[PDB]
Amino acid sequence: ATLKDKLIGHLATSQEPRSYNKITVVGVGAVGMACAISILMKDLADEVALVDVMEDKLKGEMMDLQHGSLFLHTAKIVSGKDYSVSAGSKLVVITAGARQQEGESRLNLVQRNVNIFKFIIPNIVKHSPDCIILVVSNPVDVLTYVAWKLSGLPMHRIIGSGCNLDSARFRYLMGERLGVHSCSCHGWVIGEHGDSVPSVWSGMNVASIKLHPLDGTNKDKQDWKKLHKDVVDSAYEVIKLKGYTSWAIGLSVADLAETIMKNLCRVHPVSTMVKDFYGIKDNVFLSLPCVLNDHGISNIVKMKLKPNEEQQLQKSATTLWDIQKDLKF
């Protein structure tokens, strides 16, 4: 007799608690919490662990989600600065890092973020030797390359959020113009998560109907190219208006964790090793259409690129090697 002793009986038998679908969101900032509320809301994990160097912020964000437990189906929300909190995660999502000030390219953030990465990746792997690492930080393509190097994980367990967002942005504008739910519109953005992103004009379709063979001049005149245009600009506009981007990437990331936690084998433009494809010579990471499952990237989809697109992918891959080349370890 205590309250709990008087209410709660026990059977002869029982075993230690254990969570089997754990996800760790590293970084409890704008993007941080956006990914975290998305996942919570999609009941993707039975456990969510937040990690951040900022200790007050972490605990308040933790607390704030915990007060909402009644309204969820995620049995455990934990948090701490010590990476021990993240042990046995199936997915580790990284969000730590400086962000773009307005007008600053994502590429300008490489040194700042490499330096954070160099501290975070050892501990991650330390505590979850078999996880899948999902980088979101910018410059996301370069950072997925770093994370892979520093980590030594099989290439397939390292993914960048990459162009999933870009392609989402593209298909929303397509939708806006054709007057069709973005989900019914099919168009792909690959290459860098940034200013040198390639738009696959010859893949664009609504119900398998090629926009290119209907228009022809698509790749160029009628300001259809503006769609690509608004796509590269979009991060910059949102930043100047709002200050940062949060909610689109939370969703874009949750989409990705779903395919993974459900072993769904869906095609998503994310960041991978592009070496040996389309004549690329180096260890460069960029988005291509990838098949994802519960163990990472299952397969890459080989795109039959037109001459100009293929030329665009080449450039993309180039602006990024000139950056990796000079990465000091």
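The term rigid core refers to the most C-alpha atoms you can superpose between the two forms while keeping them within 1.5 Å. Positions refer to the first chain, counted from 1. First, how it differs from the form deposited in another entry.
Aligning the rigid core between the two forms and inspecting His228, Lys90, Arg99, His186, the C-alpha positions shift by 2 Å or more at one residue, which is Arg99. For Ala168, a C-alpha deviation below 2 angstroms is recorded between the two forms after rigid-core alignment.
The Cα position of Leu109 differs by 2 Å or more between the two forms after fitting on the rigid core. Taking 2 Å as the criterion, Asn21 does not count as shifted between the two forms: its C-alpha moves by less than this amount when the rigid core is aligned.
Moving on from the form deposited in one PDB entry, please list the structure of the form deposited in another entry.
Left out here are the partners and the other molecules; the chain alone remains.
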């Protein structure tokens, strides 16, 4: 005597609801909403859970997203201040962090993030024993190590956004200069995400043709090196212009989630544990070309860098290991 009861009948047999390709996003900031809508628009998950501390903003983000249900293919959208809402995720994207202040030292900024992460990550793993974590938060190589350390996850189930987007940007700029689509141009920015990112000049190519053998070469002087500078610059340009970053990054992450979710074994420059790789001796995460599958990092692509290069790589590992003087102030 209910509309529902008059209209929907039942088979004698049935099974408790279910979600198998669940993904959870932490933070409903600009990066978070951008990551969440590109995952959605991509049909990577049969469930998406959004987790933030800001009640209002969360519910409202949740709602906006739910109202568009008819236009999507993700069955269940949810949000929670509580972590049990993320219970059963395949993948977790973390985009929650502090943004670095007036007179803040990289040590104090990472320390700040350590005390936020203490509440985030422990709860994720308890509700999602089988998840893989994807750290977006900056500084990414340090926050990845923290997430690793805070969770207790095999090192392969802990990935950092690392140098993916940067490479995505490098390939873009090449393409504009060369006249071919960014997906036909191939070059790699690896190392420590940021100003200290190494551009593998000698891997640069189109079709399989090494730019280096043709330009007579290039690494040292005759305007090409430029290409690396506004990869890291043009990123500050954006901020200065818009007041933040979201679209490119979100897109970047969906790219990573598709590979992971669809067990592709595609090669990505993401932040990994690079201990005793290129003479690095301690527990430092940096970007390397990794194959990804559904259990996270499946393998590492062993580049053949020059010393010039690996030296630089080493300088990052030291510098980062130094910050790793964490657990308070």
